[PDB]
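Next up: a single chain in structure tokens, the form deposited without this ligand.
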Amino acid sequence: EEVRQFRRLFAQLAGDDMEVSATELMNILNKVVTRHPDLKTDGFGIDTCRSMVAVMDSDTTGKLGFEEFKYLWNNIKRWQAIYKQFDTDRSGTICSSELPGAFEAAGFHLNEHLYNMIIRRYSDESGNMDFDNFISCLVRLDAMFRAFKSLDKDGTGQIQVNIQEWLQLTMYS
């Protein structure tokens, strides 16, 4: 039943070219946030959505196919539940003191230095991160751990990255 329902959701979202564009993704995510008054956001904007699609577009078609979209969408569902669970003051936002528990719950165990860098790059002047910023961050963070793992074939925790690979991974993002 869930497999059939998800297939229908994808079919209706993707439309006539059978892939999910940045605009299509933006529009469905903004529909989600309308339904959840407990998620504070200024909206998912197009630039943020083009970045999400690029970092998830493993076959470089420009758009998200069934499996690419499935991976992203199920992550967003999980991360949404986490954001609500770790917003322990109901601000509708994740503050700097809430952030480590939320990221750790999502399987990302970072250190103070890296949390500080995340807050600086993604959170506002008060140290608060809203829903679109949080989802944009996690999608990227997950992709960057996955890219590292794919290059660390010998399991040493060091990767060698050539210039071409570097430009692909940073620019198509």
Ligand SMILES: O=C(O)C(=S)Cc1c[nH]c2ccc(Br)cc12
Given for the second form:
There are 2 protein chains.
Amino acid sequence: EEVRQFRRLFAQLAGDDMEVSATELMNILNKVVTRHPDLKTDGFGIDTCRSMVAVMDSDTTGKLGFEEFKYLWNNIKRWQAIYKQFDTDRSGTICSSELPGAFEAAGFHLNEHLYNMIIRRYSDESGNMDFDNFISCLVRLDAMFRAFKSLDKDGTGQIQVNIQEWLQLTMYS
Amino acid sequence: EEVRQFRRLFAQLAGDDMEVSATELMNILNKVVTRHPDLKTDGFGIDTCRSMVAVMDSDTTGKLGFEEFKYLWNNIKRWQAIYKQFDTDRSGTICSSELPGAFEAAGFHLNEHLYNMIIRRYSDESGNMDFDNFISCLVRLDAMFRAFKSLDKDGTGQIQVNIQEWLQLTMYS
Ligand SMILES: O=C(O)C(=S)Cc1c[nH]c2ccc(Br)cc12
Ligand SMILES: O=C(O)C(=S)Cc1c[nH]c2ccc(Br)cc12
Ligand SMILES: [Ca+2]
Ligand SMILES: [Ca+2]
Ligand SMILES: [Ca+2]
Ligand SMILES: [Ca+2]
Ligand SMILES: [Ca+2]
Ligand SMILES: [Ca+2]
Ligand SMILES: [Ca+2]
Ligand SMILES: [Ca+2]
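Please supply the corresponding structure for the form deposited with this ligand bound (the preceding block corresponds to the form deposited without this ligand).
Full complex below, order starting with the chain above.
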């Protein structure tokens, strides 16, 4: 019902090795955005998709199995509706004054310093963020929240990170 | 003398805001790699160049000033010299067997598991890594080392961070 649609999409998408590569992901996402003329993008490029796959490849197989891919695709789905909803001037892009509302709608309450930092790294010189840049930021933000949580065993708001962990979390990303 | 010349390079490249943007960087890099046929590459792409700038933009102007650019540029020439040198089979790309030597000569000593991750994130399906991916890997690796060391002056092998700090460190990259 729910997951018969989805079980099929995953099987067709993952193909012969039954996992979703960076390329397979790239291609489906560009296919989907083709159908939404209200999402401005210059396309999901390969290195952005390798980075989304790495940050979601928890068992480190190199590729996304069914659960990893399901988690990603349902997020992307929720986040696309948010992008459209908070693009309140229909630029096809999310600008600096739209960005807070959008992020907090996805459950990320950042502060001004952090918002500005995000815009500096993900938005263009006018301070606009296109759809691929938006999704790829969110995937990462979501992963880095969840890696913090996983490390904050005692719920102190402070984590201790050893150099091995640091290098794995930042490089396989 | 080559300090005269390099200031001229910088000035011409940075133009009228006297800083190097990710676009300006992307262009000089692709321009420079065409002179070097032995460096195989599918191009430096805008996302990787935003990432490289962010990683290098210590003073957070969003762009690369003179010292920031020079630092990046000197690493890149050291590393391309290392790339050419460790490509023993002259393939114009760095394979899995050639890789440890090259990272060793850039002075990184990582365990097997970290190598495997890096190869899955940056190399192709035959374990082959091309020049833009190599350079992008090393810029990032170097910066993640320096960020960590900066916060672990005393060599405990651990840093302690809150969520704001963590997000600054892992997203402005
Ligand atoms: O816009 C809609 O009504 C839907 S059902 C979109 C949608 C549903 N699943 C999706 C996955 C990726 C992207 Br981009 C968009 C979608
Ligand atoms: O500039 C040169 O004549 C050489 S031999 C190397 C070099 C000097 N600066 C460089 C910057 C990027 C790359 Br790729 C190579 C170089
Ligand atoms: Ca596949
Ligand atoms: Ca996996
Ligand atoms: Ca807008
Ligand atoms: Ca984009
Ligand atoms: Ca400039
Ligand atoms: Ca700067
Ligand atoms: Ca080679
Ligand atoms: Ca490449």
